[PDB]
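What you see is the complex with one protein chain gone and the rest in place.
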Amino acid sequence: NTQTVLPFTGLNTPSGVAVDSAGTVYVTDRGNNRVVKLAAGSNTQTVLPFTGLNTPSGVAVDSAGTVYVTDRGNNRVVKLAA
Amino acid sequence: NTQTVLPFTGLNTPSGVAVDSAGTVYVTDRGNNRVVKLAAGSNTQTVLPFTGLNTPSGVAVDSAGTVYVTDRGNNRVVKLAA
Partner (left out) sequence: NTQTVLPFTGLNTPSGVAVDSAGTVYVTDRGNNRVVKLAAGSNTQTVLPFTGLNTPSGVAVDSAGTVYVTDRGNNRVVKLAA
């Protein structure tokens, strides 16, 4: 009977979420053309250094911490190693 | 090449899906402002006790069974313990 709002900042219509084995939460912040992440316990998000994103629609993270993003408005899929 | 339609009911423009190590299937039922799940070997939907969602867009689950949802219409990310 408890839900928790995560302390992300300045999201605009977030489109997708993933979480890695360390508990870091990754979010496609669609309306801001960026991907943000928040480590478990952390109070401050960091912005992943993707470039040229256009309304990213979704995100996945693998066992190696590689982050995959559907860059919807650019008809492509990008990834970034940890 | 036979696909199977899962026995979810009453969905309205479902927006996202996650499956965990136990084979439980979680779905953001966007048009009904809710998240639903179906365990493996189960036929019956349960609605997750999130509250105040608005057109949720995506869902993720960690190894501990914690469910994370991008609550798109409210510009926030919410989580629920197992």
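A and B are the chain letters, set down in written order, and residue numbers restart from 1 in every chain.
The criterion applied here is as follows: a contact is a pair of C-beta atoms (placed from the backbone, for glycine too) under 8 Å apart; a residue touches a chain by one contact, two chains touch by 3 or more.
Undergrad: In the complete complex, the non-displayed chain touches which residues of chain A?
TA: 16, 49-51, 57-63, 66, 68-73, 75-80
Undergrad: For chain B, which positions touch the chain that isn't shown here?
TA: Missing-chain contacts on chain B: residues 1, 3-6, 8, 11-19, 21, 23, 25, 27-28, 30, 58.
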